[PDB]
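**Student:** Residue-level listing of the chains:
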Amino acid sequence: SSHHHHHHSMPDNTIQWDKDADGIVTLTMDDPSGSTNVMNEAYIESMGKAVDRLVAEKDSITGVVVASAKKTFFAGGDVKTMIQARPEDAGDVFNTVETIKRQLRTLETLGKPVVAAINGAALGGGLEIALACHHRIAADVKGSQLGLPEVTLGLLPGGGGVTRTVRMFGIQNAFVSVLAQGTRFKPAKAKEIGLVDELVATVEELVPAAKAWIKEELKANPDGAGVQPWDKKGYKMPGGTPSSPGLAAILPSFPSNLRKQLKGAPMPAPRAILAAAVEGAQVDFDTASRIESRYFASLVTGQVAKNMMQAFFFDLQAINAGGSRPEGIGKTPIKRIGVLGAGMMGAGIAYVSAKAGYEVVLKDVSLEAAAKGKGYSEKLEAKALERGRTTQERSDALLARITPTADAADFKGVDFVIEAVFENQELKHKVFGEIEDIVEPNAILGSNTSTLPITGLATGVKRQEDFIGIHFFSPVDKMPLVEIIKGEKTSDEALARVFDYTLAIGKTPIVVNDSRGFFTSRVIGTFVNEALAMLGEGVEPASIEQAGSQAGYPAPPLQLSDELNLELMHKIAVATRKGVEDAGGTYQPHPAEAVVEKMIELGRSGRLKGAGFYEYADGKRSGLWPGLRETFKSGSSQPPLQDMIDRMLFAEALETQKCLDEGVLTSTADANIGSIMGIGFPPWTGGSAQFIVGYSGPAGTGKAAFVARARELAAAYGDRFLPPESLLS
Amino acid sequence: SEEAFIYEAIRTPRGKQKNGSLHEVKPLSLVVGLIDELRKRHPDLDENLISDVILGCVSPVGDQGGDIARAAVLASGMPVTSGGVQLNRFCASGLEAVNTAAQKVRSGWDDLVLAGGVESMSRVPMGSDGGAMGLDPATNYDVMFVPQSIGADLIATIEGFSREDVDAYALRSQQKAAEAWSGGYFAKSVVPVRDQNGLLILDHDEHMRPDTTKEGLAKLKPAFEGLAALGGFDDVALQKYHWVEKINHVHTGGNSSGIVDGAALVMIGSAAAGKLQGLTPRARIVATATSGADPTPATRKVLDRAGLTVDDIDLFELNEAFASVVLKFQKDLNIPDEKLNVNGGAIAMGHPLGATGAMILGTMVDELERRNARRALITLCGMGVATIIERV
Amino acid sequence: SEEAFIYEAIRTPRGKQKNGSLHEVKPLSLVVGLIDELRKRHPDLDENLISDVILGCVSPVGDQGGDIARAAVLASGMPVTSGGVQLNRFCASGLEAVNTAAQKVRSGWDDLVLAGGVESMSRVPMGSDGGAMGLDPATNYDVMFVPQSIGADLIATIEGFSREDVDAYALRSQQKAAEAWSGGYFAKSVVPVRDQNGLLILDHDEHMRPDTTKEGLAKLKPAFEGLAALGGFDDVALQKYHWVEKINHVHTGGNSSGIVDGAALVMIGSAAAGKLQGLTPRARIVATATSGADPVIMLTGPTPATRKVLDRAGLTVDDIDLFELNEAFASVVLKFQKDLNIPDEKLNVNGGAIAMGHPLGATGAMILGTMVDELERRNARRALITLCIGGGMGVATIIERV
Ligand SMILES: CC(C)(COP(=O)(O)OP(=O)(O)OC[C@H]1O[C@@H](n2cnc3c(N)ncnc32)[C@H](O)[C@@H]1OP(=O)(O)O)[C@@H](O)C(=O)NCCC(=O)NCCS
Ligand SMILES: CC(C)(COP(=O)(O)OP(=O)(O)OC[C@H]1O[C@@H](n2cnc3c(N)ncnc32)[C@H](O)[C@@H]1OP(=O)(O)O)[C@@H](O)C(=O)NCCC(=O)NCCS
Ligand SMILES: CC(C)(COP(=O)(O)OP(=O)(O)OC[C@H]1O[C@@H](n2cnc3c(N)ncnc32)[C@H](O)[C@@H]1OP(=O)(O)O)[C@@H](O)C(=O)NCCC(=O)NCCS
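Protein chains in written order, with this note's numbering: chain A, 1 to 729; chain B, 1 to 392; chain C, 1 to 402.
If you are wondering where the hints come from, they were derived from the structure by calculation, not from laboratory data.
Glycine residues also receive a C-beta, built at the ideal position from the N, C-alpha and C atoms.
Incorrect hints may have been included.
Calculated from the model, a selection of chain B residues having no Cβ within reach of chain A, i.e. all distances over 12 Å [claimed, not checked]:
{"id": "1", "residue": "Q239"}
{"id": "2", "residue": "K240"}
{"id": "3", "residue": "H242"}
Here are the simulated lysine to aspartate or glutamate pairs, EDC-like style, with alpha carbons at most 20 Å apart [unchecked claim]:
{"id": "4", "chain 1": "B", "residue 1": "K246", "chain 2": "A", "residue 2": "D286"}
{"id": "5", "chain 1": "A", "residue 1": "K260", "chain 2": "B", "residue 2": "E47"}
{"id": "6", "chain 1": "A", "residue 1": "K263", "chain 2": "B", "residue 2": "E47"}
{"id": "7", "chain 1": "C", "residue 1": "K308", "chain 2": "B", "residue 2": "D142"}
{"id": "8", "chain 1": "B", "residue 1": "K246", "chain 2": "A", "residue 2": "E630"}
{"id": "9", "chain 1": "C", "residue 1": "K18", "chain 2": "A", "residue 2": "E630"}
{"id": "10", "chain 1": "B", "residue 1": "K301", "chain 2": "C", "residue 2": "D36"}
{"id": "11", "chain 1": "B", "residue 1": "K301", "chain 2": "C", "residue 2": "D373"}
{"id": "12", "chain 1": "B", "residue 1": "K301", "chain 2": "C", "residue 2": "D46"}
{"id": "13", "chain 1": "B", "residue 1": "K240", "chain 2": "A", "residue 2": "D231"}
{"id": "14", "chain 1": "A", "residue 1": "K260", "chain 2": "B", "residue 2": "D46"}
{"id": "15", "chain 1": "C", "residue 1": "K18", "chain 2": "A", "residue 2": "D286"}
{"id": "16", "chain 1": "A", "residue 1": "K633", "chain 2": "B", "residue 2": "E47"}
{"id": "17", "chain 1": "A", "residue 1": "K260", "chain 2": "B", "residue 2": "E225"}
{"id": "18", "chain 1": "C", "residue 1": "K308", "chain 2": "B", "residue 2": "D111"}
{"id": "19", "chain 1": "C", "residue 1": "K308", "chain 2": "B", "residue 2": "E47"}
Hey, can you work out the whole structure from these sequences and the hints?
**Tutor:** Structure representation (structure tokens):
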């Protein structure tokens, strides 16, 4: 009943009250403790006072305007508080969101028009405050965003976002368009789908246009002033209620289509959002709002939400704030970029560098190959033209920055080189030797290598301080991680120039010390090897792929083991064997290596050769190889599905811990974001390092449960699942 | 304790879904028509001894809501003490009504019971009642809801039944159903439906296509791949059965059960109830069972409960919901093909959900007498119900 | 042949209709919460021995359609072999599920069965399923359809029950229901309802008004006079009962059963099943019966059924320690009491639907479990449970304490 959190016997105020001569109150949120407005304890108390004041002075108030004095409108909930909520804190979490929504419900059912002056980002709880208003005006300014992205943090819009968007758009539209993926819209796109009603040019017009709308609303629509569409007697939900015959025909397919999209991964937030939407549409608004609170409390107290909030909020902000970037270096603008090689890697690097706005010189051995590399950018732009993403004038200038060539002298005037040729140390010495003198004197020499150490590659260039590893991931236009490997002679200046370049092209950088395999290629190898080992042990190939998809990977391992060439996995096996045999030691061959040679002997070495674990016709993948079952005697081993899933996740998690012990990774924030954005580690785990401290199973929770489960795997599948001593005590 | 006997087992013809003859007939009228036929066959039957009327109904809404069994008692003018209860166990509701009636007679607390089912799928479509297994996302997501049709395509994929194998059984059902009608096997049990004027509305199972050919069944397109794709139930089924790569969609509108309207009635009573009213027992309920399979056990359970084996059964009757389910049932228990659905099934004549159980039961009561055989076993399909009857 | 025993009998608290606590809870969740309670009471229970789950539901539509019993089996994680069937015999569906389960156990073809019912009347109002007896004019005209409400007022008119008499029984039910709660009688049977977080939603019967006075009941308006005029059911009733000139509408919202949400579950099995699973039998099902009376009056059904179950067990009124009749309407209980001369100290000793509520499909199993606990608390022997039914039906059950 109370608009406040406590009712027994002191935070700071964040809202500024202002009533004009007409009777229009202007609530301006301006939290003095930070740079953004956030649903912390100070907001709940400040909004509690203002709402109590709007009720006590309702005889002298005609309208309300909610605005902000920050650059952003309202940044959403307090992640630093929700991540600490234990399961025993479910009662406090429930009462908090119930108190937050009680204030908005009073603001909504005030009998007076309420307008939101959105002067910038209205994300999460911020949009929920705007959705409680009767009219929304957004300033079409650069950088403004609107949406409900709490599903990306393992949460749901618990401040009425689910209840109101379903009331505005219906179950199907609100879930697909806004809720399920938590997409963030620009003000132009926001007005199109219905989240915003009107747009203005600048932010100085917001409050005047808000009071102008209140004045017109009271004179034109005096009866329906301050009444939402669902607070009217003749309200009909768009698309119908779950009891409607039309919606009830397709409603059973909603949870199944969700399992199809999630591939059976243990991500509870989309399930809770879909349940709260449908259950809420069967009851009144207030009862629906309370159901929304109960599903919100189950997610916040859960572990998956804490894993996502750790990775996609704290760990991601620490990276975007120069956490791995050096401290003393300044900035060095880039004039012209030079990409060596026109393969899928080289062509992808040229597209993302030209999409950012840099001049690119794409060099290969022949002009025919360099033009086919630029054609990769043309077919991406031609697909973006017919879809309506980019314009014709902007796409012509993008391709105009890509200059295909075969002559080495066309690299004259290049201050940033990104080599992307074949994996061979002697070749990279030869390719860098031809151009190290033609390029600018203070030019970055990047190498997109997978396993070869950067220290060894730097011996082929004169200035090794500017030589660095810039590892991209195919397809480059989609994968947002750039693994920055730091060699032994690599300086700190070149480390920052690539760091700022990665941010300039719109990607997330991590800093890794030089080692054979780095962090991505080394850890992703343990994941594909466990699957190939399972195939050799006799596990059904369909079960292996299901185990990979249900684990949360974007691609099943055998399907991934074809995109990655089996000839490359054979070369890495010889490199690791050479490094141990020639040093006076006995090599321990992984059981997956035998499966690699068997497929090469049969002539099925991946999609590149046109045949691998899958069958390929006309480039399109279709069906597993029927001879795969007879080759490895599939069916003779039927382990539990969770044992297959855990074998893939633990192999990466244990190997990620080794990279932290050996100093290959400096922080766990890079380990999580690197595993998620680089090698596709399931986002529900929060990263391959968070998977250890946030493990959850039938045995227990935490690092202790991870160790006990690792020992259970090691006792039945091999000592490689034994936990390192750094996890023990 | 007491033995339960079957004294009458009649049914209406099954009218098709599209442009059906029984679409103008309310489902309540389908039951009253059968009640009046029992009165015509036994004019001096003291209906005060009838203690309950149990009707199965899978979609008890609209014309089928509000306890249609009680509506049948009052509309037909039966004694107000005759009770009337509706139950729903999906496709097995018809046989569960007879099984429950038989169990109520064994207890001694009931003497003479009417049992059966009613389903007017053209007037009240399947799914009209809603539910939680489909319209509650939290439950649907957890239980991994999959329609029976996808499960039938999955069974044919696991057991290795081809498109021509299920179409071969579809042709088998259409032939044996047409031969049964031409031979007059159903003449005394199928009660023609009439209006309030006595005019004929339907007197045959108009869903039958007796001129079905093997080439015609091959021209039909898979009917359960537009739901498996737009609904994504194929991916859901394979998430549990992870060792299967692709589901072979082999079931069409020619090898699956048909959407029809119909009703059935069985009069179960004790030995003393029949001797008091001068009724001749036609069969005897030997044993009943209830079980389930992976998301045949009910058949094995009723066999062990009656102390019998597969060889001891003269006639097997399994509802032809889908061709793959029958071929699986035949392969698991090694059923002789000349004993399985000898007079056709739902593929040819239709599958009225709430009434099918009591329809295929009364079919075996007649076929046991026509062949002068002894025992018959009726079963229906992740639940399962089985019943064993013996000729008297 | 076999003997049926009651091993457990639990129920949820009954949440009222307007601003009810259970309005947000789906009726499927109510049943699962009771299934989970049975698991907590018997964690080593081999659920494979459970062969069927029989639930009563009067309005099986929407949240209650699609065989809610089978949905409770799959949603709670029970074996797929555990059956799951919904039935509907109007008000006595909950008791019919118990009686059917007992008869399936006696037949020897079932060993351990769960029985009960569920009705979320605030989410699924009565009449949502439709029906020919009301919506089809041909049969409505012939069967002379009259709601139970008018038939109750007709009972008081014929039997001579005044407005003060029905309100006197309403006061008695409120007092006895309050004493039972304050006395801790419902401590072990009523299973509180909680959400997915464990937070409390409801732990008591909301519909109760323990501070009820005779003066407050007298100020209530006759609730069933709007159906008598706009519907014309008064004239329809007096066409069958032509010796009555006028119907005295004495029933209000204070002397009629309440519209609530709730569910109940009863575990019934054989002696061998209880011995295998280490269960202690609480009561034995002695006999069951079914009958009824005239459809227009609709509520005089339980009297022929109560007599039928007494003759089947060789018992009389003097042999029964407790009588439990559903308080659908006050005049029905007062007529049942006068016809069989039931001592007032034996009839509905712990309250009834007037005070606590009438969740249609579950009320039969709720009052059945209420007598199992009171026989055990008083150390008595027999109790007779009966419910009036729509259409003029009746179901009775005699239990014996073990
Ligand atoms: C019947 C069902 C398969 C869908 O059938 P449908 O496709 O709507 O039925 P139709 O009769 O239109 O059959 C489709 C076509 O095949 C043809 N066809 C059907 N059987 C045929 C046969 N034996 N020979 C030749 N053609 C045949 C039809 O004439 C029709 O041709 P058309 O499309 O050109 O008109 C489906 O509704 C069903 O009943 N599935 C099972 C439901 C069930 O078990 N529910 C569970 C309850 S718990
Ligand atoms: C239940 C029943 C229908 C299952 O049919 P089935 O053909 O026996 O099925 P299976 O269990 O053999 O499984 C089928 C296939 O799936 C395979 N399979 C199952 N799980 C698997 C897994 N996780 N990984 C790989 N393969 C798997 C099996 O190995 C088998 O392969 P195969 O046919 O090539 O040997 C049947 O066995 C039956 O009716 N049994 C009676 C049950 C009973 O006794 N009930 C008690 C009544 S009182
Ligand atoms: C429940 C039923 C009586 C309708 O009740 P209603 O008219 O909605 O009335 P309520 O229960 O909401 O109570 C209305 C008033 O009575 C008052 N009231 C009820 N009991 C009271 C008591 N003991 N003391 C004082 N006041 C009381 C309430 O406070 C309320 O006052 P208000 O109107 O000022 O708010 C009627 O629908 C019914 O009995 N249905 C059940 C049918 C049945 O038994 N079986 C059907 C099988 S098919």
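**Student:** Tell me the numbers of any earlier hints that the structure contravenes, in ascending order.
**Tutor:** 1, 2, 3, 4, 5, 6, 7, 9, 10, 11, 13, 14 and 16
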